[PDB]
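Novice: Below are the chains, spelled out letter by letter.
2 protein chains.
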Amino acid sequence: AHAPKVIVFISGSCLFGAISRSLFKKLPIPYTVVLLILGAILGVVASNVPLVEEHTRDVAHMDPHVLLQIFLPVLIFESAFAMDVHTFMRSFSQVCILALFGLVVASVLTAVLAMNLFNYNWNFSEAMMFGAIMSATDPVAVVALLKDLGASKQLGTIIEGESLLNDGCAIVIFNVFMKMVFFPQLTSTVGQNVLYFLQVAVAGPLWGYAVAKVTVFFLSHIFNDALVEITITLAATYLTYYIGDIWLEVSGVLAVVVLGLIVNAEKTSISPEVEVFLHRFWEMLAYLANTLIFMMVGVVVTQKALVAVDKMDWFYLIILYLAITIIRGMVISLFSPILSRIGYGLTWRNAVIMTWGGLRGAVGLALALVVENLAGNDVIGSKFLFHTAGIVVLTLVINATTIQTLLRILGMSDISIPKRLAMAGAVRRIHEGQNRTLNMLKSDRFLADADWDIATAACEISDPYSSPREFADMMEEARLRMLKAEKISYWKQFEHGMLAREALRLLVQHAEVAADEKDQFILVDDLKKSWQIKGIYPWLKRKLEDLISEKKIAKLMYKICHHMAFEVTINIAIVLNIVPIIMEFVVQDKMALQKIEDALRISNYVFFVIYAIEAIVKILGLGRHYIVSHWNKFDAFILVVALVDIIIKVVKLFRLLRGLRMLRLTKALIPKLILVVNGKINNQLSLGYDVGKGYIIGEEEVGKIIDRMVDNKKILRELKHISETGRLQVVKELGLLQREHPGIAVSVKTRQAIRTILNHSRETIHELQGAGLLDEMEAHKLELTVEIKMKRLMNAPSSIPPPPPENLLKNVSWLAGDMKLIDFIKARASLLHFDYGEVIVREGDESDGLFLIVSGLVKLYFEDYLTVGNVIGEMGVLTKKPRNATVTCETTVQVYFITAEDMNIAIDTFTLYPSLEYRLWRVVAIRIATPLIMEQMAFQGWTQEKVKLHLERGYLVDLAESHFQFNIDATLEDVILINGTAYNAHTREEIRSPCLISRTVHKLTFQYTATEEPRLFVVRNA
Amino acid sequence: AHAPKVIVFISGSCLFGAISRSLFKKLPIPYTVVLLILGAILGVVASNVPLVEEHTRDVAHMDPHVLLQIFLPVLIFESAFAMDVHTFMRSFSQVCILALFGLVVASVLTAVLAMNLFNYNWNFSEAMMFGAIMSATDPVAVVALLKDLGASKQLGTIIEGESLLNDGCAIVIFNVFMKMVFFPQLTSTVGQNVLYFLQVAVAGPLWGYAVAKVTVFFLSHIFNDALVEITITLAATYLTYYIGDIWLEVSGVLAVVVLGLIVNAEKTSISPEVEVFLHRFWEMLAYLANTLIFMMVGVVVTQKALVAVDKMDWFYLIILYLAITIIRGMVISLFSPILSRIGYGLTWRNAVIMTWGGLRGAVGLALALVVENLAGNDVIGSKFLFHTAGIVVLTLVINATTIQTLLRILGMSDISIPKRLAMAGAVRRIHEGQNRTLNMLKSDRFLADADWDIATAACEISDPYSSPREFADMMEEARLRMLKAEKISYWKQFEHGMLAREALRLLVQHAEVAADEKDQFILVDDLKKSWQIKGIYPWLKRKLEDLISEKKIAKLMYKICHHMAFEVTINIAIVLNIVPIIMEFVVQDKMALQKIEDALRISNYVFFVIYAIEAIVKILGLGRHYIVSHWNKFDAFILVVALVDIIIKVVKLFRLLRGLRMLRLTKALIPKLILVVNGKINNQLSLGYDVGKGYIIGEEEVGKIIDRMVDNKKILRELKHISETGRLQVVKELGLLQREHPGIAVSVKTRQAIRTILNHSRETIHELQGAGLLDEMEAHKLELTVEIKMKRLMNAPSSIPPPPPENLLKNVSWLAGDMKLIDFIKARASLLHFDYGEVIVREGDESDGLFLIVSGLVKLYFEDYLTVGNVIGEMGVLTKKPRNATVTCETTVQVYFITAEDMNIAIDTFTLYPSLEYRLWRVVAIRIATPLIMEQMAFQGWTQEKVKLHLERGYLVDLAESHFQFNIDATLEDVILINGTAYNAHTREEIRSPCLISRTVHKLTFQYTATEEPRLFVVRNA
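These protein sequences, in sequence, are chains A and B.
The first sequence maps to residues 72 to 537, 571 to 658, 669 to 706, 725 to 780, 797 to 1009, 1032 to 1192 in PDB author numbering.
The second sequence maps to residues 72 to 537, 571 to 658, 669 to 706, 725 to 780, 797 to 1009, 1032 to 1192 in PDB author numbering.
The set of hints was computed from the structure by calculation and includes no laboratory data.
Careful, some of the hints might be misleading.
What the hints assert, rightly or not - No farther apart than 20 Å at their CA atoms in a straight line, the calculated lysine to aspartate or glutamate pairs in the DMTMM-like style are these:
#1 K224(B) / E924(A)
#2 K96(A) / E935(B)
#3 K591(B) / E915(A)
#4 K937(B) / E915(A)
#5 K224(B) / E926(A)
#6 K937(B) / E503(A)
Stated by the list, open to error - Here chain A is said to cover these stretches of chain B; the calculated rule only asks that three of the stretch's residues, wherever they fall, bring their Cβ under 8 Å from a Cβ of chain A:
#7 588-597
#8 926-939
#9 1119-1131
Virtual Cβ for every residue (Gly too), placed ideally from N, Cα, C.
With these hints in hand, go ahead and build the complete structure from the sequences.
Specialist: Okay, here's the thing in structure tokens:
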């Protein structure tokens, strides 16, 4: 009897939505209109049958102040949570102009229409409510079509972002205008109106920003608990709206909009397994909200609205549908000159798509339902719902159905030739794979008698899309084929975790843009915008770093004055005193009690005494040097005011005390601002490194590919020249970014290193799990310890102080792990310094010693650049012959210099563990061996990272143990030569030094003359 | 003002649970007790502060009939949805005895205690409510501990299943006994009580079964719509409980229990991406329910319960906690003799774990809250909540905390040596991988200056666990090492999709069992239980197949009599008439109206006329043969009754009409029963094929492994003998299963073939996506078309009629794709037949022709067996020399025979497309080449499937084009010899025919003498 009947209607709507969504899947009509018809049916039968009324009443006639608080957060957050925020930011101004100003004109024009055309004789407030609910649009279908058809980035996000902002502001306007119709207030003082505007417009986004930054902070500290992450997201979403709208009178919708957008941006703080869950979770909740709303409309529209219609109302409906359509187009075209300059710009065809795709829906209907409940017996609620519902139906029946054909007409739905080629190739390879698999199964004793006619038909996959003049387009083939290769390399790096998605999309966008521009190649100056740091943050860092420059100053009191515990406790003491500060003012306001005032003022005296005591300790610690710092001068003012107020009207105390301790807390606040600024720079700088990395590695790989793909050498040379001229510019730019922000660069580099180690570490877990040497449960146990570390990686400090040179030597590849060897060369070492533009070494110079870059950049000339950590001379010291390249510093340089004579002693003394010479040779071997193997298979599916790891498993042969090296391929897969020359066993031909040994080679005869020591590199097969 | 305040409390409890679950993570105390303390705090402050009362009232004092309808479905379904059902079924009786009978004794004993010990003077009804809520247990923590510690399968599922059943029945008992206290009824007739019992006990599970089978049916037909799958699951879950409890008065909890269990069993009908979502989704909902309930308890217990406590109540609490503990142990021990026989049996230590781990919780508390609301001012609600809450606290404070130490004491928490070894090896390999990765990064120009001291520390992974007498244990090493290898192979097959999880767990369970038994090896007779079909289903199939044996009978009326459209429409006509049948009875019952009765009786006359017309058509079609079938005899009785009722008290009509059309519908019902029976056999048979496959492939792989791992040949021979003696028995059993159920076997084989093709087809999609030749969106588009087909695979008919022999030839590997060649040999072919035990061919026989098995089994003797589809003679016809093995039929056999003379003509005539001889050689090459490569790398991570595919890419060399074959390794990775012999180019040594060419071999010189045609197989490198 007392059961929750709402479970029936909610679950019933679930079934009805499933049915409508399953039947009308391949049909053009959207499933939502079917749901409206079903709700209307429920309404007519429920109008006579009493039994079903009881199971529909509690939801069909649900209160509006609950409709808003429950559904709108779901719809708005889901719309925000589904955004491609990065794109939305790269078009923010274009959206704001159309969504905000376009909304005002669209609604007002719609309002004047409703005042003048209709016979309802509405006033401007009601007409503005009408226009507000008319302007709200939910283009969930059109955006899907564009997403499927391609070329969606510059249009789908615009309509999606415009939709989000338009609903967000429309609710704001609707809330504003509902109150001057149903909740009229008489005060209407102008000053409060400005204050009223500030709350909804300004405080809302700020409330959401604060809640978001708090939320991500905790989420970044939750490890191995998915339920809590999901639960935190839910509670934050609903509390943000509820608190903002109900307790703060702040705009809930905008707070959620910002909160969803901020969280979407900060998804890295969320565990990936929860991220995928949340999207599908909020999508499901939005689906339920949509399905409910349409059915409630279908019920009430039939019970209450359609019974009060008049004959002419249909005339207004058609006219209104036409009006909003031309209104939207006029608005879009009117702003079009402005948009052409701001953002990507609108073509006339794209403008029509936005105009034609302005679908209405749940948000408009939800606000109409609010009016229906609020109007009661007034006709307005009926006709608001009538026209809102009708326009939703027409847009769904006409615009949602003809949009595909219109896209065909405009030539936008056409699949580009590259995509047709990709699909044809993919289908062909898949078809061959099945044929191979089919023959294998027919040879299986278990499956020999399966009905292959059924099998082949069931598994088949089908294509869903079923001279100067010569140079003028031969170059186009070179451009497109190079650009296509670049796109491939970017996808490679992304799939192996070397590259973030944001950098990948930036690179791909630039490649696509360059392809369309007829004579264009991808341009570094366009890429430079990614890593060029905006000056505000560096200026703020430089400025704030001065405010804590304690170096002007920097017997137990002297120790206590500097002890961190004392400072932290004093700061805390000030923090607690803030509660009395506000409490006294609030108590005075409420009193205007004495028992409370006396307690507070006694507490004030106690705090004055405490402040005197701590200041006395500080003064005793520093003596006359105490007052050197302006911070301590205000600390003296603290005692002045404390003594004055101890001796002794209320305002004279309030005004001084309100400033004292806020200012004294600013000192502890500044470092956090420094950290935040470092974080912003770290984010921008990290993306710059990724993009510069992507382009550099992309060019390095592509240069191997194009060398054999393009037919004409003249075309080849022009393209390769571009590649190097861009690569060196990027390298220089990225090297210089380090010097401006050393610590942040170190943080970036460390984070990449750990992330790369963990990724490959994770891969091994799946290797043995796939190999069965480790079970499912235990492998999962290890994988979690990896995952938590990855999350801990995010919380790494935004700035790491650069290690001193004495620590750099310890971490060198050929020095690490041998303390005695580290000490020997460290003791023998000396540190040099060089001025700007100075030459360090030059072509033909004797190799008298070795260099390590501890600071600065150096240009070489086969031009290249190097920076901190890079060793120079690792070959000359070994080959013992003149230096191979010039070394010029592009900035002031510091280097650790080891004289060749001392190093030679270290070389011929440190050989117990793997030989020092062997290690130095190994570093050289990998360096110059990588390009050879990359050339040999860059056109295949490998990346240079795996070539390095492929080589990393290898080692140098101990040639001293044999006069010759004979090949084998069972336990050996690749071999390269580095130094010296060998004689072929069969043909007696010589093989040159930096050459890969062809697989037709067997056995190599070396010789032990003193001119050179031949060096050879092998990688043993798995 | 009118906002939904409940959003605050729900979201507030979310935050409080997050806090408590985050702080008390590493502590021993569970987080739930912390939540209770927090709720108590909220209660005391809310008792004075009015503001927070308003935000706690609407939930803290929520109605009970909503508490049950909302939370219990979530808790019960989640507990059911989380089960390992297969294990739960393999222990169902053991759980039922303990959970059902143990519950009755545990509660009654608890009730007598409450009647006699306590001073409350309860009557048996109230005391039974007490015992019911006391017996409910939620061992969510203990099961987690066992899951982590290992050896959990035979104990965790028992406590989990016992818990599920105990809560399910406890609610049933609580519902029963609440009604005789708060809703007393006076009728109490015995006959209704039995009817009342039937509804709750019998109809509930049936209601859930019907809803489940309907649900999975639709879910199996939903393609590419995840939201609808999730939504359907939700609505089905809540409607099942709501309809069952409210409309049918049926036991909702048990219906949901069955529904959750059935759905969990039928998870294959659900898309995998939705399956993973649902578990985390229902887990989250259960988490919310738990967190809410504890806080509502903490609130009300402080407001209303604790204010009415007496001093002695604590004495009863302690005594009660002791009593239920010894009661549970006495029950477990008392049934222990029975359990030792039924199921796995209980050790004394395992019994204590069950006794000690009997934690109470939300379910007990939820039912106590119901009493608190219902008791009103009566003390009983206070003390019910007091003792329930206290026992929950004590079990959580004591049992949940000491359980780990007790497990240590009993020696159950000890990590077995094999797991320690696996963890040490896994950690070591991971540690080496990071070291390799670290050195690679130090050579990177971008990351050379990262603080490696930070990196190495952050990425490090640490071990979490930180003669006759010789023969008597050398054999143990052989046993364990063989058994360990078997376990590895099973994991291999599972990870590549060749093996289902159920078969994998069965095999692993048997391996573990055999390991513990001192002298045991895995035994086929133990495996036989998997594929031995229970006779009920074959008997039912055989019986029902007779009832539709139309062959006793099987001018337009003759055609119409057999047309399917006429039969379907007639059956539909009968289906519609059922509505009048029930409608007349219901109308008569309600009347006891005439305007309705006349319409129904007129409809009865019309339906009588229609039935006469259709029968007239049938009789005209068959003439005097019409009455030959008993179905048509009752069809004549239909006309008899129709004419009698047309001419003409109400009972005389009801009784006849109630039978006529139900019986006439049974005819259309029988085929569906046939299909269902086929489905049950298909499921059991499919698992048998998988397990037999797993053991056969496992033994084949292991025999390659152990041949070099065990040191003693005598041990080796004994182990290998076991392997073959099991393999041949399994092969024979699986071959014979086919003959008993040909069509179902064909369905199984076809389903495996398609699933294997799609899996490898899916793999290619990720290959190019990882290689970047296909983009993220388009690759995803193709992958969906693959996924939908996989779901369509489930709906494939359970039985496929075996194709006739004329279709078998077309699908042979070396015949397919060449119609003219198919026709030639098909025309030349002849079909033979052989009797049981007949010899087909024998050792030393001349190869006069070739055989193909179209029916039956054949034994060979290197013993082996073959069955349908297997060709025999594929070498003798080629080598043209005597036959190599005996061929004896183990059952009646049919074979397609091609005489060698005709085939030779086909061989030397069909050579335009790839040579017929080349194809026959290829089939032989793969067959005998696979074992060689398996031997060469079985100890590595490969499976024989990939060896076949590794070979499938290869081909036979065209030796006719060269006197010699010189090796290369850049575009070639493996080569094998099949026929003939070659001479080494370097050493001039001969290499034998069925031998892999060692990687030290270069160039092979063949000769063209007429004795043999040498054959060589190559696989080109990627």
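Novice: Next step is simple, just say for each hint if it's right about the structure.
Specialist: Here is how each hint holds up against the structure:
1. This hinted pair checks out: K224(B) and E924(A) have alpha carbons roughly 15 Å apart, not beyond 20 Å.
2. Straight-line distance between C-alpha atoms of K96(A) and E935(B) comes to about 18 Å, which keeps the hinted pair within the 20 Å bound.
3. Of the supplied pair hints, the one linking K591(B) and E915(A) holds, its CA atoms being roughly 16 Å apart against a limit of 20 Å.
4. Restraint check for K937(B) and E915(A): not satisfied, since their Cα atoms lie roughly 29 Å apart, outside the 20 Å limit.
5. Taking the CA atoms of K224(B) and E926(A), the gap is near 16 Å; set against the 20 Å cutoff, the hint holds.
6. A distance of roughly 18 Å separates the Cα atoms of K937(B) and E503(A); the hinted pair therefore holds under the 20 Å criterion.
7. Coverage of the region 588-597 of chain B by chain A holds [criterion: at least 3 residues with CB-CB distance below 8 Å; count 6].
8. With a cut-off of 8 Å between beta carbons, the region 926-939 of chain B has 7 residues touching chain A; three or more are needed, and the interface restraint holds.
9. Given as covered by chain A, the region 1119-1131 of chain B passes the check, having 3 residues with a CB less than 8 Å from a CB of that chain where 3 are the minimum.
Against the hints set out earlier in the document, a violation occurs for number 4 only.
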